[PDB]
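The chain below stands alone, shown as structure tokens; this is the form deposited in one PDB entry.
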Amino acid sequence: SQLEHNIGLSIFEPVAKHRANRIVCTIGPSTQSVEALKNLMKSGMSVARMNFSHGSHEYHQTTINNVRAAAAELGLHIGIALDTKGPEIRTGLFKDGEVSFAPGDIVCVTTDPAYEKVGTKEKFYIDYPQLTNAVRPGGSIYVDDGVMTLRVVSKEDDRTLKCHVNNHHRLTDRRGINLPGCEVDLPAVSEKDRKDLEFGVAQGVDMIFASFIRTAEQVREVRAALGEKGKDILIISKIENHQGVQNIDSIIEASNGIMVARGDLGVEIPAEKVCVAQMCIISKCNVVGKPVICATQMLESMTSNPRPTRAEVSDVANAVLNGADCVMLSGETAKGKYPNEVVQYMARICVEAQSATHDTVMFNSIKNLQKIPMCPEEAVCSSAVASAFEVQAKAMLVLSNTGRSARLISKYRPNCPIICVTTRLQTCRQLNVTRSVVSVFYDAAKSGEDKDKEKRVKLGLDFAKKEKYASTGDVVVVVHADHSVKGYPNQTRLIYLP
């Protein structure tokens, strides 16, 4: 039981040497320089996130170039993720550029674009034409990240709602609007997003973090916009509202990965419900073997302070115990004073959580929910992980060109590193969002085609020795195809390191 496992935990024992979980860092003025990014990489960053909510293509090109240069210098493969602005609802403008409200204030809100630029205390504009179908009397409209909240008293005409102001607040021009619990019908890709996706495709980003995904259809529109040239870029869907949570099964099916985007989510749904969504969404991703990222305010106070609060430490540990492949930093690295320290703390917390995890509980739980019969590559990957537990293997080694087989092994949550020998550099970069995996690049143009695997296996076992995962005489579990089967791995071997 979990309870029995807890009572036997020790704070004194040595922790795991090899960190399994992965860290996504948002780049900003604290961290954009090549030097700063090197240090972020040494501290534990695996994926650099560009938040296209702010900043021009020029700003972000600089992030791209610097990330590549810092990674080249250190000889790391660092993923690059483009996180979209996404669609939004916002208010219009206000007379004099601001207005203040008091509890009890009655205010009309209108979708009549006549009122767009002349917002007053009496009446102002929201740029969502379907507003009066989307929220009904007694429902709420949140303004400005949920900070001001309105209750809908009545619908006055097909374009106007009379509302009750719930708290003191001062609005300025074009604040954000949330319609918590309401279906919101907006394109998956704005016109800005297209330009932003086109840039990403041209600069060779490894993955998109797609904002405000509500339906599987929207995932497909994002994939369509990426086009032929972007067909290999991961789409990681951001679950940010009740629709995303409701539709999660088909959203997972259509995505490469999920981000539990807790910031907007905890505005769209009651904040205390974010823990339920988080647990559910992470476990649902674990079950199908797709990467999941937990995001937003994990180590927030380290934006200004050199150590984290007690709540923050438990937050990161618990994301890891819930099952998340990745955890994410936003403000903490984009603009905070302690970018390296916050990454270093995150890394250490991940390692403690990992070391406190019961080896085999995840493996068994995940395996017990798979449909039988499995595909043969999945039988091979799950049983390779089992056989790793049986021999206390110190590493596993898999050949994967697309990354598929690596993610399939990570799905079964071994307790050791998964060394992936790949022939694609973008695969190295993309596997950064997958728990346990460490990539080595095999250059087939330079070394030859390796139909019999032996060079790639050699390279992987050499890597394992070099990086101190295992040494001579240790068993390594090795997964690839035999000499004739193409397209997936049908073979597992236990090999002693020479």
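For the two forms, the rigid core is made up of the largest set of C-alpha atoms that agree within 1.5 Å on superposition. Positions refer to the first chain, counted from 1. What changes on going to the form deposited in another entry:
- Of the two rigid parts that account for the rearrangement between these two forms, one contains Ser140 and the other contains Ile239.
- If you fit the larger rigid part between these two forms on its C-alpha atoms, the smaller part is left turned by 23 degrees.
With the form deposited in one PDB entry done, generate the form deposited in another entry in the same format.
One chain, no partners, no other molecules: that is all that follows.
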């Protein structure tokens, strides 16, 4: 039982030597140089997130180039994630750049572009043109991560709402706007998003984090936008509002993976419900073997301080115990003072949580929920993990070209590394959002066809030696096809490292 497990825990035991969970870092001014990226990577960044809410194509092009250069210098496969603006709503500017509000303060908000740059305590601009359809008298506008709320007193005209300010707040430029439970219908893929996606395909990004996905239909819109050259890019749907949570099953089925985007989520639904949605979403993803990323304010204080709070440490540990493949940093690495240290903390916490995890509870729970009969490869991969447990394998080794077989082994949550020898660099980069997987590239053009898998296997075992996963005499659980079968693995071997 969880209880009996807990009472046996020790703060005195050694921790896991190889970190299973993966860390996503948002790049910004703190972290864009090749050098800063090298150090993020050294600290434990597996994926680099470009936030296309801000910056031009040139700015992100510099991110892309710098990532590839850092990674090549270090010998790493680092994923690059394009995170879409999507249907964001913001304020315009204000005279000076701040204004200040008190409760009962009556403020007019307008969609008139003419007030964009020149906003005040009585009148300012919001860039959602359908504002006065979206929210009626009595409804509520949430401003700046929902810190200040505005009650709508009346519709003045089609362009203008008169609003009752409900509390004190310090209003900076171009702040976020949220409209919980309103008829907001903006596209999942705007004109702006469409260009950003096209740029992603051109630049060969590995995955999209698609903001504000509320339907499987919207996931497909993002797929269609990425066009023909873009079909192998992962779509991770960001769950961020009421509808996203409601439609989660079918959003999951359409997507390659999911981010719990707790930032917008905890404004869009009451903040205290985010914990329930997180547990629910992470688990649903585990059950179908699709990567899931927990995001936002995980080590937030560390944007300014050299140490995290107690809450932040448990938040990271619990995202891991919840079953998340990945944990994410946003402001902390994009614009914080301690990018490297925050990533290092997150890593150390990950490894604690991983060492606190009961070995086989996930394996069993997940297995018990799968429809029988399985397809052969899933039977191979689950039984492979089972026999890793039974022999205390220090590693597994799987040949995967698309990444499918590596994600399938990971679905069953072994307690050791999954070394994946792949024939595609993009698979190396994409498997970064999958717990436990460590990727090695086999260049089949340079080295030959490897029909019998002996070149790729040897390369995986040599990697196991060099990275100190296992030594001579240790058992490794090796998964690929036999000599005939094409398209999936049908075979498991147990192998002593030579």
